[PDB]
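Here's the letter readout for the chains.
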Amino acid sequence: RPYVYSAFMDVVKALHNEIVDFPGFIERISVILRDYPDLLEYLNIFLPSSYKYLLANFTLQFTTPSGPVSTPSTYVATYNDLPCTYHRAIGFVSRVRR
Amino acid sequence: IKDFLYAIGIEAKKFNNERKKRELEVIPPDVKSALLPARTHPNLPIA
Amino acid sequence: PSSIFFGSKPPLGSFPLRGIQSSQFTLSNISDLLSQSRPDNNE
Amino acid sequence: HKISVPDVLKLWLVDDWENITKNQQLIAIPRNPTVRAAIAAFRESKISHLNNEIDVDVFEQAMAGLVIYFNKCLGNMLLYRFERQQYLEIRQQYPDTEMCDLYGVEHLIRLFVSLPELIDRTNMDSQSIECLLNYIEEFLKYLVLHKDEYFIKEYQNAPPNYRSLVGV
Amino acid sequence: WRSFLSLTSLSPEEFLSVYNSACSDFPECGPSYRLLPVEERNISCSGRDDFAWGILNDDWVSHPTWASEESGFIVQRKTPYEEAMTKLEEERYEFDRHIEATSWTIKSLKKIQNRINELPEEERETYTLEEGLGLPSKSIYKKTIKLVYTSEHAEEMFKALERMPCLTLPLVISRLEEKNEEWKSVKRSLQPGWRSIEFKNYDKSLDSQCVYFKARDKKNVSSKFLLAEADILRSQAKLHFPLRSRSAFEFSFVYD
Amino acid sequence: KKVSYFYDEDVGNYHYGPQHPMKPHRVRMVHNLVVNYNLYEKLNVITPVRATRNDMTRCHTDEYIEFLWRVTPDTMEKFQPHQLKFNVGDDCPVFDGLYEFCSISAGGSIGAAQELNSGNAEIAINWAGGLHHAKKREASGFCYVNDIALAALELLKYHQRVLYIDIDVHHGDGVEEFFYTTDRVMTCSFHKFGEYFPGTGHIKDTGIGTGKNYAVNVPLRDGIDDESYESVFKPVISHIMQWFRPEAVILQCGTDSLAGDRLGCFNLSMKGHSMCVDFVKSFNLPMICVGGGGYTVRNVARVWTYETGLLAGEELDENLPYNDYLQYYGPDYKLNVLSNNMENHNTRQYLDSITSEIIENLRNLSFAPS
Amino acid sequence: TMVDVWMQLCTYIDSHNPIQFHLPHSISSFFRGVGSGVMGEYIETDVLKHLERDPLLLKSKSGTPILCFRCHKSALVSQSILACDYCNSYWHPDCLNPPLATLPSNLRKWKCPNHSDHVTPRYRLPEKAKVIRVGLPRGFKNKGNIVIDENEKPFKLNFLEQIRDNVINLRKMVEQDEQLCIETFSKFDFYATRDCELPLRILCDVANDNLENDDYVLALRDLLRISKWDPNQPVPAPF
Ligand SMILES: [Zn+2]
Ligand SMILES: [Zn+2]
Ligand SMILES: [Zn+2]
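Protein chains in written order, with the entry's author numbering: chain Y, 53 to 107, 112 to 154; chain L, 348 to 394; chain B, 206 to 246, 255 to 256; chain R, 170 to 337; chain A, 309 to 564; chain P, 6 to 375; chain W, 333 to 383, 393 to 493, 513 to 599.
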């Protein structure tokens with residue numbers, strides 16, 4: 053299945069060249085279809101976010121909090137954008153200060 | 348082909364010529380440009 | 206760090222978490238003009 | 170029996186055909202250069218260089234025939250099916266003025282270009298025919314020369330109420 | 309592509325900024341708006357002020373039907389079950405519209421009667437109303453009187469109630485009440501057939517594939533389409549991976 | 006009681022024609038379900054004050070409104086020419102009490118705006134209104150007077166920026182044409198583009214003049230469902246509220262985008278059509294919820310009753326209580342509108358492409374030097 | 333004389349029944365593309381010369406495969422594909438830059454985005470137009486659009521040696537790339553997943569960085585200030 057291989061190497065190359073911003077490489081596992089490469093990527097991935105496989113009936117990914125469950129729709133092109141989080145910070149600090 | 352290579356060479360040098368940006372202002376909003384330590388000035392004395 | 210991972214739905218009353226582009230049927234949703242026009246590493 | 174229309178005028182006529190028919194654009198009816206005005210300008214310019222009194226007379230009577238035929242002809246074989254609404258509106262607005270004082274060179278040239286097929290049915294003397302046709306040729310040349318002043322520059326879009334009115 | 313961007317001297321950031329705006333050439337006003345003549349740009353609006361004139365738009369008009377896209381000329385074909393449900397709804401609307409209009413007019417005229425009757429007796433005998441009886445919404449009253457009586461006795465009864473209200477009101481209230489009771493009895497007598505039609509047709513009105521899936525599954529079950537799928541997947545793999553795809557698989561099913 | 010509910014007890018008695026889709030009877034259905042759910046206490050009920058010719062000539066022309074005041078189904082034969090000039094007579098039929106119905110709806114909208122201005126309320130509900138196809142000089146699409154535009158003008162007297170969100174299956178052509186050249190009103194409309202009624206609504210219609218990038222059009226294909234609509238609706242509205250921060254929202258809660266509609270071609274349910282209202286309520290901005298389309302009265306009544314309850318805060322029961330219109334509701338008698346199958350056509354690539362384009366347009370308002 | 337010509341013209345016109353205008357056949361058949369209609373209208377003569394649109398195309402009449410031009414997929418990742426009526430190309434109706442909501446009408450020819458006539462100013466050629474071959478080698482003003490087609513070893517290797525070598529080289533490049541990336545993990549995590557709380561720091565404790573000041577410019581451009589003093593860093597109030 054050369055498509056999954058090419059997709060994997062493309063995602064890792066994008067993470068190298070800084071296009072897909074590590075939350076964005078942890079997802080784009082819409083190519084799940086198998087639990088063994090995830091269990092094998094365990095020992096190489098570490099944030100406290102190692103994947104989690106419970107019977112791949114559910115593929116919820118760890119974090120320092122309790123960890124998000126995978127979305128039904130595909131890992132829809134989540135790239136990072138700085139002005140958004142900056143405006144969210146402005147709003148939150150204004151609210152807390154008030 | 349030989350015309351486009353010469354046509355783009357002149358246009359490219361003209362863009363690099365104007366790419367050198369060194370300006371000082373206070374209270375224009377102009378672009379999301381290269382030299383904006385300006386905004387540090389009007390927001391500073393109050394904060 | 207938990208609310209940053211699959212954040213394509215803005216939660217309820219907040220400005221967007223992450224930005225969205227297209228993925229031209231690629232099975233690796235990166236591949237784009239972003240991919241084809243970014244540095245990997255007579256003319 | 171044939172005429173020599175410049176290519177610029179041919180292009181302009183086809184562009185106006187398209188604009189009025191398919192794109193739903195009309196011409197502002199009250200013109201700044203009048204049909205009578207252009208007729209008088211060309212008449213003055215040609216007489217100022219004419220040679221003998223017989224030629225003066227035939228040119229004068231030719232111009233008179235031209236203006237009377239325009240005034241008698243415009244509303245019968247010179248407009249498209251998308252302009253009859255505008256025509257009746259203009260007749261209601263100015264029922265005392267006349268077409269020679271209302272319309273413009275954009276329609277005078279339709280008259281000129283269509284003259285051959287009309288002289289096809291008419292069968293007067295070849296001398297009169299050739300005089301009139303040479304006069305039309307010189308007029309077309311003068312218009313395409315002074316394009317900048319006589320011809321309109323941009324067309325006008327018909328409003329929704331106008332389009333619902335015409336509907337054809 | 310990187311070589312072309314190097315020739316043009318365009319950074320990838322600036323290319324991504326310029327792409328969406330400089331690829332497709334559309335007019336600035338959009339593909340559906342167009343400018344107006346100067347004549348009809350100042351039609352009267354006797355209620356506007358300077359603040360409204362500054363904000364509202366009077367220059368660019370939209371295309372309702374005059375472009376190549378006139379309007380919606382393709383009506384969505386519905387399933388017979390949805391059509392039956394629509395017919396049922398329409399029947400109910402007819403009955404209920406008539407009953408409720410009659411009832412509303414009965415109530416309004418009863419209010420007028422209560423006012424003029426609480427009024428003492430001298431003014432009771434010498435009272436009068438105006439054309440429309442002062443109802444803020446006279447259309448319902450006019451329509452219901454027309455319908456209940458006729459296209460001919462309507463004017464007679466109207467003038468009668470206009471001139472002599474205190475005597476005429478009880479009779480018209482009685483007549484409207486009687487006809488309303490008749491309509492209500494007919495509605496109660498017709499209800500169970502409606503319930504039956506609704507029951508029989510409800511679920512199939514959501515089950516739209518019950519009608520539209522046979523003609524779409526015959527294609528997937530056919531053989532020519534399957535062979536074509538195989539061939540096109542082979543071509544696609546050969547175009548994508550030229551070095552590989554001599555060891556690839558067109559289809560990989562999992563049977564667990 | 007911060008929800009001001011407008012309802013005139015006459016609105017349900019106006020009749021369009023023999024078999025017409027638009028029926029003002031739905032407002033009466035909604036009100037009966039409300040009064041029997043007991044929301045009448047948690048709401049604030051105001052019988053509206055009728056509009057005037059001077060109030061409607063703010064957005065419409067004097068000749069057009071005078072025609073609407075003078076027309077009658079009998080004198081229509083003599084008024085024939087002006088009819089075909091003003092678009093009244095084919096799909097916007099001339100019926101009894103046309104001016105009265107228009108006055109009721111426009112008065113509801115103007116009163117909602119005045120309530121939001123005076124501060125007596127923060128949410129103002131008017132279902133009789135929402136006619137968003139009316140234009141400056143002609144009726145269109147079962148609409149005669151643009152109460153949305155009149156309401157926006159009344160809001161702008163006190164508020165500096167106003168957002169208008171259309172989730173009717175058709176384009177908000179009238180309101181867009183009204184506010185096409187201004188930056189104080191931004192019009193975001195989600196609609197079905199292609200071979201459909203208004204014809205207008207390309208992704209490229211983005212305004213001209215000062216109102217460049219202040220019309221937002223989201224075209225969609227046949228058969229959108231709850232998840233797809235959410236994925237296109239939440240990002241775009243969040244980005245709008247970020248870049249163009251409004252002080253007041255006007256939400257056209259049109260329910261022809263539901264499933265099983267005589268004229269719509271969408272697949273939303275009661276939940277998918279109400280997550281929109283919830284997302285917009287979640288910003289704590291003053292808002293006017295106006296009605297709109299909707300041509301299947303049972304679905305319309307139940308969905309609008311649920312949305313009224315959700316704005317008031319109360320979570321209504323699941324069984325319909327005893328009302329005078331019970332038989333209208335099907336063999337289940339529940340407060341819900343399920344979706345059908347109607348295979349979708351909106352691919353993720355299509356939705357993502359249109360969303361990215363809209364986001365770039367909204368961002369250009371603050372990037373992109375002046 | 334021409335007086336009599338005028339008399340005969342007047343007699344003809346007031347004797348006959350009015351009709352609508354049509355310019356002579358010479359002017360009409362002059363240009364290329366233009367042509368009359370059923371009711372004297374102007375219609376361009378570029379329509380489908382063959383005669393609902395077949396949504397999914399898989400095989401071509403020439404055996405050439407049907408793959409989209411931009412994404413190289415096969416009309417099955419998306420339920421519809423489009424065939425350009427001018428070149429041998431196929432496009433997904435979703436891959437075009439403004440994605441087409443509905444497929445075009447099967448009457449009018451459709452033109453893919455890979456042609457130069459989309460950005461040329463329209464012109465008209467006469468229908469007697471000898472294609473001139475311009476000899477000027479460089480510097481020819483040509484109005485951008487009227488330049489027609491720019492008219493002017514068998515090895516028998518038979519080995520898989522180079523194919524095997526290329527496969528091993530690809531695997532080696534992949535191995536090195538994966539090694540570098542999976543070592544830069546545990547730092548990608550820290551600098552990309554906690555990146556949402558450091559902005560909170562430089563917002564709360566208001567330290568001026570470039571992006572903070574750009575956000576303040578964004579808020580000023582939203583509020584539309586003119587000439588008054590900027591209030592403060594935390595008190596511009598689109599709160
Ligand atoms: Zn609608
Ligand atoms: Zn494609
Ligand atoms: Zn092509």
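Please note: incorrect hints may appear among the correct ones.
Said to hold, decoys possible - Cross-link-like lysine-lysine pairs, in silico, DSSO-like; alpha carbons within 30 Å at most:
no.: 1; chain 1: W; residue 1: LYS547; chain 2: W; residue 2: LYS532
no.: 2; chain 1: A; residue 1: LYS527; chain 2: W; residue 2: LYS588
no.: 3; chain 1: W; residue 1: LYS400; chain 2: A; residue 2: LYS522
no.: 4; chain 1: R; residue 1: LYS316; chain 2: R; residue 2: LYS241
no.: 5; chain 1: W; residue 1: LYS381; chain 2: A; residue 2: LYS546
no.: 6; chain 1: W; residue 1: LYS381; chain 2: R; residue 2: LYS310
no.: 7; chain 1: A; residue 1: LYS487; chain 2: A; residue 2: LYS450
no.: 8; chain 1: P; residue 1: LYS83; chain 2: A; residue 2: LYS451
no.: 9; chain 1: W; residue 1: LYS400; chain 2: R; residue 2: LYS191
no.: 10; chain 1: A; residue 1: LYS532; chain 2: W; residue 2: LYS400
no.: 11; chain 1: W; residue 1: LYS588; chain 2: P; residue 2: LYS162
no.: 12; chain 1: L; residue 1: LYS379; chain 2: P; residue 2: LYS162
no.: 13; chain 1: R; residue 1: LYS191; chain 2: P; residue 2: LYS141
no.: 14; chain 1: W; residue 1: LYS381; chain 2: W; residue 2: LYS482
no.: 15; chain 1: R; residue 1: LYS215; chain 2: R; residue 2: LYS191
no.: 16; chain 1: W; residue 1: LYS381; chain 2: B; residue 2: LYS214
no.: 17; chain 1: W; residue 1: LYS547; chain 2: Y; residue 2: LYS65
no.: 18; chain 1: A; residue 1: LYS487; chain 2: A; residue 2: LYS415
no.: 19; chain 1: R; residue 1: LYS316; chain 2: W; residue 2: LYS484
no.: 20; chain 1: P; residue 1: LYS209; chain 2: W; residue 2: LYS532
no.: 21; chain 1: A; residue 1: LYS522; chain 2: A; residue 2: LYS512
no.: 22; chain 1: P; residue 1: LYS209; chain 2: W; residue 2: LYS450
no.: 23; chain 1: Y; residue 1: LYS65; chain 2: W; residue 2: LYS471
no.: 24; chain 1: B; residue 1: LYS214; chain 2: L; residue 2: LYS379
no.: 25; chain 1: A; residue 1: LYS508; chain 2: P; residue 2: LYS6
no.: 26; chain 1: W; residue 1: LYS482; chain 2: W; residue 2: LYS471
As the list claims (entries may be wrong) - From the derived model, a few chain P residues whose C-beta atoms are all more than 10 Å from chain A:
no.: 27; residue: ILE51
no.: 28; residue: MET61
no.: 29; residue: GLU82
no.: 30; residue: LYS83
no.: 31; residue: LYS90
no.: 32; residue: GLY94
no.: 33; residue: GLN119
no.: 34; residue: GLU143
no.: 35; residue: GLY216
no.: 36; residue: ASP230
no.: 37; residue: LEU290
no.: 38; residue: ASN328
no.: 39; residue: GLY335
no.: 40; residue: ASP337
Everything labelled a hint here was simulated from the structure, so no lab data went into it. Every residue, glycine too, gets a C-beta built ideally from N, C-alpha and C.
Checked hints:
For the suggested pair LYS547(W) and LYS532(W), the alpha carbons sit about 24 Å apart, so the restraint of at most 30 Å is met. For the hint linking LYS527(A) to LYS588(W), the alpha-carbon distance of about 70 Å lies beyond 30 Å, and the restraint is violated. For the hint linking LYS400(W) to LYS522(A), the alpha-carbon distance of about 24 Å falls within 30 Å, and the restraint holds. Restraint check: the Cα-Cα separation between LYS316(R) and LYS241(R) comes to about 26 Å, which is no more than 30 Å; the hinted pair holds.
At most 30 Å may separate the alpha-carbon atoms for a hinted pair to count; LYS381(W) and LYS546(A) exceed this at roughly 34 Å. Pair hint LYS381(W) plus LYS310(R) does not hold up; C-alpha atoms about 40 Å apart against a cutoff of 30 Å. Simply put, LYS487(A) and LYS450(A) have alpha-carbon atoms about 16 Å apart, close enough for the 30 Å limit, and the pair holds. As the CA atoms of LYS83(P) and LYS451(A) are separated by approximately 21 Å, the hinted pair is consistent with the 30 Å bound.
Between the alpha carbons of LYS400(W) and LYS191(R) the distance comes to roughly 38 Å, so the proposed pair goes past 30 Å and is violated. Proximity of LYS532(A) to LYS400(W) is assessed by CA-CA distance (about 11 Å); at most 30 Å being required, the pair is judged to hold. Straight-line distance between C-alpha atoms of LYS588(W) and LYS162(P) comes to about 23 Å, which keeps the hinted pair within the 30 Å bound. In summary, the hint linking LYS379(L) to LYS162(P) is not supported, as the alpha carbons are separated by about 33 Å, beyond the 30 Å threshold.
With a C-alpha separation of about 26 Å, the suggested pair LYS191(R) and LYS141(P) falls inside the 30 Å cut-off, and the hint holds. Simply put, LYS381(W) and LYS482(W) have alpha-carbon atoms about 34 Å apart, too far for the 30 Å limit, and the pair is violated. Straight-line distance between C-alpha atoms of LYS215(R) and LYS191(R) comes to about 38 Å, which puts the hinted pair past the 30 Å bound. Annotation: proposed proximity of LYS381(W) to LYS214(B) is violated, straight-line Cα distance about 49 Å (limit 30 Å).
About 16 Å separates the Cα atoms of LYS547(W) and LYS65(Y), which keeps this hinted pair within 30 Å; it holds. The suggested pairing of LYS487(A) with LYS415(A) holds, with an alpha-carbon distance near 14 Å, which does not exceed 30 Å. For the suggested pair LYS316(R) and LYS484(W), the alpha carbons sit about 22 Å apart, so the restraint of at most 30 Å is met. Distance restraint check for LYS209(P) and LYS532(W): the Cα-Cα separation of roughly 47 Å exceeds the 30 Å cut-off, and the hinted pair is therefore not satisfied.
With a CA separation close to 15 Å, the supplied pair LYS522(A) and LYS512(A) stays within the 30 Å bound. Between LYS209(P) and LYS450(W) the alpha-carbon distance is near 22 Å, which keeps this suggested pair within the 30 Å criterion. For a cut-off of 30 Å, the pair hint linking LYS65(Y) to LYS471(W) is broken: about 54 Å separates their Cα positions. Pair hint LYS214(B) plus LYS379(L) holds up; C-alpha atoms about 28 Å apart against a cutoff of 30 Å.
At most 30 Å may separate the alpha-carbon atoms for a hinted pair to count; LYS508(A) and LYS6(P) exceed this at roughly 43 Å. For the given pair, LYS482(W) sits about 18 Å from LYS471(W) by alpha-carbon distance, which is consistent with the 30 Å threshold. At the 10 Å boundary, the C-beta of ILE51(P) stays outside the reach of chain A, the nearest C-beta of that chain being 16 Å off. At roughly 7 Å, the least C-beta separation between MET61(P) and chain A is not larger than 10 Å, which violates its mark as non-interface.
Look at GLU82(P): its CB is around 17 Å from the nearest CB on chain A, clear of 10 Å, so calling it non-interface holds up. Every C-beta of chain A lies more than 10 Å from that of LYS83(P), the closest at about 19 Å, which supports listing it as non-interface. The claim that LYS90(P) lies off the interface holds: its Cβ sits roughly 13 Å from the closest Cβ of chain A, which is beyond the 10 Å cut-off. The Cβ of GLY94(P) lies farther than 10 Å from every Cβ of chain A, with a closest approach of about 15 Å, so its non-interface assignment holds.
Distance check on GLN119(P): its Cβ is at least 16 Å (rounded) from any Cβ of chain A, clearing the 10 Å threshold; non-interface status holds. Not every CB of chain A is more than 10 Å from the CB of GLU143(P) (nearest about 8 Å), against its label as outside the interface. A Cβ of chain A approaches the Cβ of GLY216(P) within 10 Å, the least distance being about 8 Å, so the stated non-interface status is violated. Under the 10 Å C-beta cut-off, the non-interface status given to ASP230(P) relative to chain A holds; the minimum distance is some 13 Å.
Interface exclusion of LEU290(P) from chain A stands, the closest Cβ pair being 20 Å apart, more than 10 Å. With 10 Å as the threshold on Cβ separation, the claim that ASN328(P) sits away from chain A holds: the shortest Cβ distance comes to roughly 12 Å. The Cβ of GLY335(P) does not lie farther than 10 Å from every Cβ of chain A; its closest approach is about 5 Å, which violates its non-interface assignment. Consistency note on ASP337(P): stated as away from chain A, yet its beta-carbon is not over 10 Å from all of that chain's, at 8 Å minimum.
Hints 2, 5, 6, 9, 12, 14, 15, 16, 20, 23, 25, 28, 34, 35, 39 and 40 from the list above are not met by this structure, while the remaining hints are.
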